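K.L.:
Residues per chain are reported as follows:
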Amino acid sequence: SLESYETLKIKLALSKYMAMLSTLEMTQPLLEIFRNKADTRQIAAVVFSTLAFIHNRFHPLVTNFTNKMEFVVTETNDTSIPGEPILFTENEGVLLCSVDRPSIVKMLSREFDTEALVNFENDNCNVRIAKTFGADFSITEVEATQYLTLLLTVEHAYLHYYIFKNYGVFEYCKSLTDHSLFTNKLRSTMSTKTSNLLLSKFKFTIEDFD
Amino acid sequence: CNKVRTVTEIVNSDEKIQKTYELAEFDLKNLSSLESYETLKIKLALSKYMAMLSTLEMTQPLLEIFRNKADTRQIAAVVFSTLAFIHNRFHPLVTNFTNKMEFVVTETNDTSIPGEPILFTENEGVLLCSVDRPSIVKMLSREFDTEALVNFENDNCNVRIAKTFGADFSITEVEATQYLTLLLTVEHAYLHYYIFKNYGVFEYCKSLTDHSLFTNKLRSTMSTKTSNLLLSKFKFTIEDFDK
Amino acid sequence: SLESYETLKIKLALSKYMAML
Amino acid sequence: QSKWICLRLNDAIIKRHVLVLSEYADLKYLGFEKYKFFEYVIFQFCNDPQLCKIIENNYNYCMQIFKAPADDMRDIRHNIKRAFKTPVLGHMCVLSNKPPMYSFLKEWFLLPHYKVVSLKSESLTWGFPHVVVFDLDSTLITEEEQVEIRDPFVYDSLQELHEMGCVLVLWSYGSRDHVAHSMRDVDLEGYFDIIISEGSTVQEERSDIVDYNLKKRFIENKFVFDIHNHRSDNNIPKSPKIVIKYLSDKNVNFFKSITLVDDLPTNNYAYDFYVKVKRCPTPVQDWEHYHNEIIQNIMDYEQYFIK
Amino acid sequence: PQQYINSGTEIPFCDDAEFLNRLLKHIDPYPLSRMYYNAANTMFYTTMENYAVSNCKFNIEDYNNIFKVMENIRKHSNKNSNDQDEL
Numbered sequence: 038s039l040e041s042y043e044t045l046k047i048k049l050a051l052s053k054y055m056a057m058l059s060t061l062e063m064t065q066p067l068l069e070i071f072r073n074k075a076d077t078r079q080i081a082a083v084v085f086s087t088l089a090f091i092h093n094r095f096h097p098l099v100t101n102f103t104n105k106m107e108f109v110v111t112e113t114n115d116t117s118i119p120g121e122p123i124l125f126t127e128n129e130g131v132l133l134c135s136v137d138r139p140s141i142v143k144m145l146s147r148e149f150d151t152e153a154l155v156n157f158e159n160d161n162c163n164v165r166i167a168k169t170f171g172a198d199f200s201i202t203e204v205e206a207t208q209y210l211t212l213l214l215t216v217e218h219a220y221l222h223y224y225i226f227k228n229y230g231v232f233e234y235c236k237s238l239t240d241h242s243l244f245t246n247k248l249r250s251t252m253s254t255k256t257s258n259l260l261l262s263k264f265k266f267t268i269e270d271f272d
Numbered sequence: 006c007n008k009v010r011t012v013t014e015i016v017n018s019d020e021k022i023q024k025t026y027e028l029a030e031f032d033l034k035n036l037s038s039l040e041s042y043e044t045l046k047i048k049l050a051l052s053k054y055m056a057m058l059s060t061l062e063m064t065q066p067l068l069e070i071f072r073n074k075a076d077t078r079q080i081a082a083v084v085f086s087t088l089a090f091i092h093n094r095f096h097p098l099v100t101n102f103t104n105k106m107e108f109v110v111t112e113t114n115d116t117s118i119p120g121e122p123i124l125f126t127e128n129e130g131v132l133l134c135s136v137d138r139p140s141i142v143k144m145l146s147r148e149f150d151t152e153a154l155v156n157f158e159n160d161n162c163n164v165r166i167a168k169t170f171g172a198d199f200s201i202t203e204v205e206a207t208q209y210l211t212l213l214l215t216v217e218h219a220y221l222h223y224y225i226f227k228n229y230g231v232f233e234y235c236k237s238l239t240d241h242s243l244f245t246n247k248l249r250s251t252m253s254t255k256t257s258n259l260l261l262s263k264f265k266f267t268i269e270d271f272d273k
Numbered sequence: 038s039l040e041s042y043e044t045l046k047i048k049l050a051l052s053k054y055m056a057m058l
Numbered sequence: 006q007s008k009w010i011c012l013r014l015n016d017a018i019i020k021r022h023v024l025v026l027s028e029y030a031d032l033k034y035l036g037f038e039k040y041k042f043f044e045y046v047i048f049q050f051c052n053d054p055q056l057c058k059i060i061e062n063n064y065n066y067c068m069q070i071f072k073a074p075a076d077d078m079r080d081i082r083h084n085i086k087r088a089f090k091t092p093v094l095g096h097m098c099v100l101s102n103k104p105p106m107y108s109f110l111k112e113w114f115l116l117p118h119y120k121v122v123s124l125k126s127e128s129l130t131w132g133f134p135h136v137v138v139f140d141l142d143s144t145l146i147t148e149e150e151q152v153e154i155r156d157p158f159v160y161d162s163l164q165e166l167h168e169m170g171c172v173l174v175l176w177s178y179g180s181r182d183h184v185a186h187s188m189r190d191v192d193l194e195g196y197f198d199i200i201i202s203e204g205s206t207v208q209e210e211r212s213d222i223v224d225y226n227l228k229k230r231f232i233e234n235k236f237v238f239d240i241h242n243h244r245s246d247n248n249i250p251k252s253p254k255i256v257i258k259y260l261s262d263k264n265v266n267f268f269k270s271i272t273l274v275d276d277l278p279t280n281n282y283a284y285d286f287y288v289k290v291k292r293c294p295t296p297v298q299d300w301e302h303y304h305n306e307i308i309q310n311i312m313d314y315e316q317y318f319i320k
Numbered sequence: 259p260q261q262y263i264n265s266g267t268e269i270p271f272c273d274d275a276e277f278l279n280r281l282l283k284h285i286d287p288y289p290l291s292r293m294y295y296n297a298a299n300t301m302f303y304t305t306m307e308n309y310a311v312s313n314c315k316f317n318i319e320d321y322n323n324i325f326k327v328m329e330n331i332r333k334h335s336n337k338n339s340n341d342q343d344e345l
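Residue numbers (the deposited numbering), protein chains in the order written: chain e, 38 to 172, 198 to 272; chain h, 6 to 172, 198 to 273; chain J, 38 to 58; chain k, 6 to 213, 222 to 320; chain f, 259 to 345.
No wet-lab data here; the hints were simulated from the structure.
Each hint should be verified, as a subset may be incorrect.
If you want the footprint, here are the derived chain h segments under chain f, 3+ residues with CB under 8 Å [to be verified]:
(1) 31–37
(2) 72–82
Label-pair restraints from in silico Cβ distances [to be verified]:
(3) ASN114/e x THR113/h: 50 to 60 Å
(4) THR245/e x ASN248/k: 31 to 41 Å
(5) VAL204/h x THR239/e: 46 to 56 Å
(6) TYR119/k x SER242/e: 21 to 31 Å
(7) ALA50/e x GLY195/k: 28 to 38 Å
(8) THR103/e x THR206/k: 53 to 63 Å
Ideal placement from N, C-alpha and C gives every residue a C-beta, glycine not left out.
Given only the sequences and the hints, what does the whole structure look like? Please build it.
P.N.:
Pasting the structure below:
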């Protein structure tokens, strides 16, 4: 593709993501940690860093994400709502958020899918047989896909967070009753990098049955 | 047919992928959890009521009380408490009523009545109630009881095979189970009691000549909350009435 | 309602009567 | 020419919207809780100092006191944005308990308060929007009857403005007919947000479908205008009434500032900024300075005050 | 709430630029869209599950109407964006 370099730039963004992860003292494949009970403090700190990175990319001009934020992993479906694994809130002057670790883990469970027939880059003798005649650092496809998926997850959350920050709980309710305030909008200020934000890159709709 | 279909396409129409699924088994999980927690709620309510009864100085097992007939005290107390609990479940408002009421134990078959072990005289100057201890004991003849049984089912591959794949005073259960008997009985009585307390003795002739029609008066009358009638089949052979 | 505050005024007269007794 | 006072609600349970009162007693018309709907509420200054003193004793809400001899919508807006340090303000609520006759603000949207519930927010911009409104018949077009784009630089500047979220609102006074040709002729609509026509005229209001051209989805250019002033003059101002009406139709409910660009100054009734277009029988490519002007106008609030 | 080790106000950049640049390269052949498809489907599928696991209604409509909705390219021109002239 003549956009191939920009697809590579997107891959580079994901690479920066995962590099920042590896730099922040990642101990074990994060799925293990999320399966674990202790170190939810560490998980929430990592999510804090994630929010910082998101705000950065959205708005590099401003270095400081936020001074502090308050965290709560949640342990039951009753402590959560379908569609929203993450829930910002404000209490009595205190900004806080909460997260459904079990649901996020269950999401991570389903990533089983892997390569099936699609279009593919040129394979030719002139390419490969040339090499055959002559001329840990390991990350598997689905492995990287896990972190990709996790990254993509937080986009929706970040959007809600910003909106609430700018418009209070009433418009938080508005966005939640109707996320169609998202609907097909790149219109923004320049600093918002809106085209840069990954909403654009690819699209889906249900092939409505009946 | 609900074979929901899904398509995704990259920017610039570079690629398009399709998949399809069905709400089947999703609906099953929904129904499962639904009945699960509702049954849990009913169990919790039963436990609550029984516990409440536990305060009442059970010097004796429940059945002993009625096997005695010398008392009326304990009996009327228990009955009144039952009616209180029922009204409370109909009305999330702990309350008290006309603060005079009283009771009689009918003690002869020749003073008994068909069908209903309980009856109210709504205002003989004031409310009064009468109850059949003999028949109560006859219900207490629980040599009836035995657990080892088998539920009816149907269409399991669609319907039930899915459900196949999921999982001092320390008194036993059978007696507790028996509690449900008087629970449901007093419910049926409360229905008529409420009805005539709100309405005419003409529709206390009716409701007693048959219960039947009172569904109409219950229309717009019920509290929008269900009671104690989960398992939807409750019937026998009928056409065999063989008149 | 443009009468609602007057209904509240009726509530007020009511409570004024009530509290004395 | 009056002194003025304003409530500032402590808990911004609803933001940005503001109200104007005929009586301090109007609280009784409002009843309970609904004061929580209105972030700010202006009232003319107390004649009796005891009223202001009781107000000063009340702690239930913050308040401000000021002079606004300038009996003007936009000037009042500016002053209030100064007072409360806020770039944007909501609509002005009204009731059948008829407002004070501050009719110098006559030409404006008035919210019959209960619509507050009807106040959806909107997707249309992720920033608070600036808006610019335009005309066709003699505004920015070349004066030749077959108008030309004065500059393709402008043509693309249209889309570029989306970087800032400036909303682009043509109201031709000319009939829909020439616009009907223009649309096919040049996809300015493909670069441009909102279009209206028929604004040329006002009608003697008294108490006594266009889609077929090319299967379009475009507005009925309805008779929404009124006499409004009923006076011996000949003015057809660009109407905030209709404009904001169409905005809320687009669910557009808030804006930073709105500029009118046209060849007729008279229609400007104290618009935030007016761009008197230089009528031109040639493609002048003069847009560079128009750009610069508008940009600086926007920047005016970079200092937190338009000046 | 207790689950917050707040005040970690780092602003990291961890400029392992060239090492990351090379480490990227062994990921290059992976089919981007086909791989993305996995995550997209999983997200949808779990979100679907949860509403049934709370007996909710759902506006499948709204879902489509909102999420991954597609704007439209219209411009005839070009714009300047970030890049790194590495090395």
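K.L.:
Just to be sure I understand the hint, the distance between the Cβ atoms of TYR119/k and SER242/e should be within 21 to 31 Å; is that true here?
P.N.:
24 Å, holds
K.L.:
So is the segment 72–82 of chain h in contact with chain f by the C-beta rule, three or more residues under 8 Å, or is the coverage claim wrong?
P.N.:
Result for this restraint: violated, n = 0.
K.L.:
Are three or more residues of the segment 31–37 of chain h within 8 Å, CB to CB, of chain f?
P.N.:
holds (count 4)
K.L.:
Given the hint of 46 to 56 Å, is the C-beta distance from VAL204/h to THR239/e inside that range or not?
P.N.:
The hint (46 to 56 Å, Cβ to Cβ) holds, given that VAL204/h and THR239/e are roughly 51 Å apart.
K.L.:
Holds or violated: the 31 to 41 Å window for the beta-carbon distance between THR245/e and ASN248/k?
P.N.:
Distance hint for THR245/e, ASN248/k holds at roughly 39 Å.
K.L.:
Holds or violated: the 53 to 63 Å window for the beta-carbon distance between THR103/e and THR206/k?
P.N.:
The hinted range 53 to 63 Å holds for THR103/e and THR206/k, with Cβ atoms some 55 Å apart.
K.L.:
Measuring from beta carbon to beta carbon, are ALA50/e and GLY195/k in 28 to 38 Å?
P.N.:
With a Cβ separation near 31 Å, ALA50/e and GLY195/k satisfy 28 to 38 Å, so the hint holds.
K.L.:
Can the suggested window of 50 to 60 Å be confirmed for the beta-carbon pair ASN114/e and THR113/h?
P.N.:
For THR113/h against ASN114/e, whose Cβ atoms are near 57 Å apart, the range 50 to 60 Å holds.
Checked against the numbered hints above, the structure breaks only hint 2 and satisfies the rest.
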